[PDB]
Amino acid sequence: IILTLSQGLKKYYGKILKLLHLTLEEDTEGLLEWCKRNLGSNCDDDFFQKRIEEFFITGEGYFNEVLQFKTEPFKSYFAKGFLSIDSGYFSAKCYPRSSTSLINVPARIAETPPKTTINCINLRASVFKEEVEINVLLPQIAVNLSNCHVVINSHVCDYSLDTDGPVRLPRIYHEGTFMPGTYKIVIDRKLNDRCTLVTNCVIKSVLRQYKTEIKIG
Amino acid sequence: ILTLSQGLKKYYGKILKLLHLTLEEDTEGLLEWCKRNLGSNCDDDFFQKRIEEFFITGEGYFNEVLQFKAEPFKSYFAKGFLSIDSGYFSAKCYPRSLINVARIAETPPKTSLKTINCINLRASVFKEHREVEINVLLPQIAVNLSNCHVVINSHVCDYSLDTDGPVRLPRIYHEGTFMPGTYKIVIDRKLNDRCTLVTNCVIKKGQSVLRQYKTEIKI
Ligand SMILES: *[C@@H]1O[C@H](CO)[C@@H](O)[C@H](O)[C@H]1NC(C)=O
Ligand SMILES: *[C@@H]1O[C@H](CO)[C@@H](O)[C@H](O)[C@H]1NC(C)=O
Ligand SMILES: *[C@@H]1O[C@H](CO)[C@@H](O)[C@H](O)[C@H]1NC(C)=O
Ligand SMILES: *[C@@H]1O[C@H](CO)[C@@H](O)[C@H](O)[C@H]1NC(C)=O
Numbered sequence: 257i258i259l260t261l262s263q264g265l266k267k268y269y270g271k272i273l274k275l276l277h278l279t280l281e282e283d284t285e286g287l288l289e290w291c292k293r294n295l296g297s298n299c300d301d302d303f304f305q306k307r308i309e310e311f312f313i314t315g316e317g318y319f320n321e322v323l324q325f326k327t345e346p347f348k349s350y351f352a353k354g355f356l357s358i359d360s361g362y363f364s365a366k367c368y369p370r371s372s373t374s378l379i380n381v385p386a387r388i389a390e391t392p394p395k396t401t402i403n404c405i406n407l408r409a410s411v412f413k414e417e418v419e420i421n422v423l424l425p426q427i428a429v430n431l432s433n434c435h436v437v438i439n440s441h442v443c444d445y446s447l448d449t450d451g452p453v454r455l456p457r458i459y460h461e462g463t464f465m466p467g468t469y470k471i472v473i474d475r476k479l480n481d482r483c484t485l486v487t488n489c490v491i492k501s502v503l504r505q506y507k508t509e510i511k512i513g
Numbered sequence: 258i259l260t261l262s263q264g265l266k267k268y269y270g271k272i273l274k275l276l277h278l279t280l281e282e283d284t285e286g287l288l289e290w291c292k293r294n295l296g297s298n299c300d301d302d303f304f305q306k307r308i309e310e311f312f313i314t315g316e317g318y319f320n321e322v323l324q325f326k344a345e346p347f348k349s350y351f352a353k354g355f356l357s358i359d360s361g362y363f364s365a366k367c368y369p370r371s378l379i380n381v386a387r388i389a390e391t392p394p395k396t398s399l400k401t402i403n404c405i406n407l408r409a410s411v412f413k414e415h416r417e418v419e420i421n422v423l424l425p426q427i428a429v430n431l432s433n434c435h436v437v438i439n440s441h442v443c444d445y446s447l448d449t450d451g452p453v454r455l456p457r458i459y460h461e462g463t464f465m466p467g468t469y470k471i472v473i474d475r476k479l480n481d482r483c484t485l486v487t488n489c490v491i492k498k499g500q501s502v503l504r505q506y507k508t509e510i511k512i
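Chains A and B, in that order, give the protein sequences. Per PDB author numbering: the first sequence = residues 257 to 327, 345 to 374, 378 to 381, 385 to 392, 394 to 396, 401 to 414, 417 to 476, 479 to 492, 501 to 513. Per PDB author numbering: the second sequence = residues 258 to 326, 344 to 371, 378 to 381, 386 to 392, 394 to 396, 398 to 476, 479 to 492, 498 to 512.
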């Protein structure tokens, strides 16, 4: 029943990741006693939501691994670059606002007449002979992966995805829903053979929309 | 003739001198290292452009030679930051992946840091361990250290200083002189006993006229 320091931290990280809408499952059993024994405060959804908000926006100086700022085992506050929120089943490298100097979340675009090296206003494809990166500029327009293993980078949180379907982006709640403005999807060509991305390619100052299936390898 | 590592350190030395971070350099044999390894000329124009592309208009990946896009620097396996280390001075410079750079009136204290009432300075003491940070908000107004060893952080480049006098900040040239918008000065109290920082404390509604009085921060 009693949870150790690392186990309680991993459960704390697991719930924070689920509120970020990065994972679809969680394991948060036993977190109430770990908080009231180490943190000393309640760990309800309000506590976490405020912690996520304070971390990604309105950040102030240093913090701790429990994502607490200040203007017993987590009182050292030797963290300002980034924080590695790792629950054991899914890891994420999240960057605080203290490192950055997120949009406030749309419309549906009309249809234009190929669905299968592209020419999209919303997509930027780069090929490094060293991998393939497909940067997107319209994060609300989704890019569903299929039979793929990617790592997506951003200015809010970097992490790797293998679940097929819609890409899960972090979403902060502070007077509304805040989503990143743009994210980049890197794909290792050397296991990713049958990887297919289905997206909506945008053609031009009115914009147009047509589906396309971009496959790598 | 200079080896690969030695040529890189001299390459870093010239970039550091152009950044106005160091006052001395060792660049003898650097042109031969460039035309033999880089394949391009290594004049002040070449370096100035490399500094320009690195700190502004940066786009994606680069190499330790500050080039963006047997050729030992064609793999472009470098992201995040670059450690410009010449052997005599190290600096962790971050690419964008800067202000453009007035006199304030005078007001009538001459010396703790718990209270300095400065609009230009934000003094924090981290009892969280053993360190003192004095954030500055007006980089043009200089803070001269005396008998001190600090490490200054910024959004352009982190490095440590021990030379007494004005703090040396990076300066990028692109249609003008660009300096960082704000820098942080950390001081480890646990060798840094005789440290004295002399700065211009800013005192005194939106209609408030701006004022200035000298102050000597003792640690
Ligand atoms: C975000 O947008 C919503 C739109 O209704 C608005 O109500 C809210 O105040 C905005 N929040 C911020 C922080 O801009
Ligand atoms: C991604 O999947 C969702 C859910 O089925 C779908 O509505 C959307 O159209 C897909 N993406 C594109 C670009 O079609
Ligand atoms: C700085 O001033 C110079 C000289 O007028 C100008 O060319 C340059 O665009 C300015 N840069 C910024 C960022 O204001
Ligand atoms: C620092 O040194 C310069 C040297 O010219 C001097 O003018 C200035 O008054 C000193 N103090 C400050 C706060 O800059």
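Just so you know, these hints were derived from the structure itself, not from any lab. It is possible that some hints are incorrect.
Stated by the list, open to error - Computed cross-link-like contacts, DSBU-like style, restricted to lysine-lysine with a CA-CA straight-line distance of at most 35 Å:
1) A/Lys-470 / B/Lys-326
2) A/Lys-353 / B/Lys-292
3) A/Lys-306 / B/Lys-366
4) B/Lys-470 / A/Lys-413
5) B/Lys-498 / A/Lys-413
6) A/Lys-266 / B/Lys-470
7) B/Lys-266 / B/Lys-507
8) B/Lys-353 / B/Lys-395
9) A/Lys-353 / B/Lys-498
10) A/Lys-507 / B/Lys-353
11) A/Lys-395 / A/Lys-306
Hints, verified against the model:
no., hint, verdict
1, A/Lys-470 / B/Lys-326, "17 Å, holds"
2, A/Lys-353 / B/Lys-292, "41 Å, violated"
3, A/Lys-306 / B/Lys-366, "33 Å, holds"
4, B/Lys-470 / A/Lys-413, "39 Å, violated"
5, B/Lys-498 / A/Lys-413, "58 Å, violated"
6, A/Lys-266 / B/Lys-470, "33 Å, holds"
7, B/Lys-266 / B/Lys-507, "40 Å, violated"
8, B/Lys-353 / B/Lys-395, "46 Å, violated"
9, A/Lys-353 / B/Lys-498, "33 Å, holds"
10, A/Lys-507 / B/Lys-353, "33 Å, holds"
11, A/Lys-395 / A/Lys-306, "43 Å, violated"
Consistency note: the structure conflicts with the earlier hints numbered 2, 4, 5, 7, 8 and 11.
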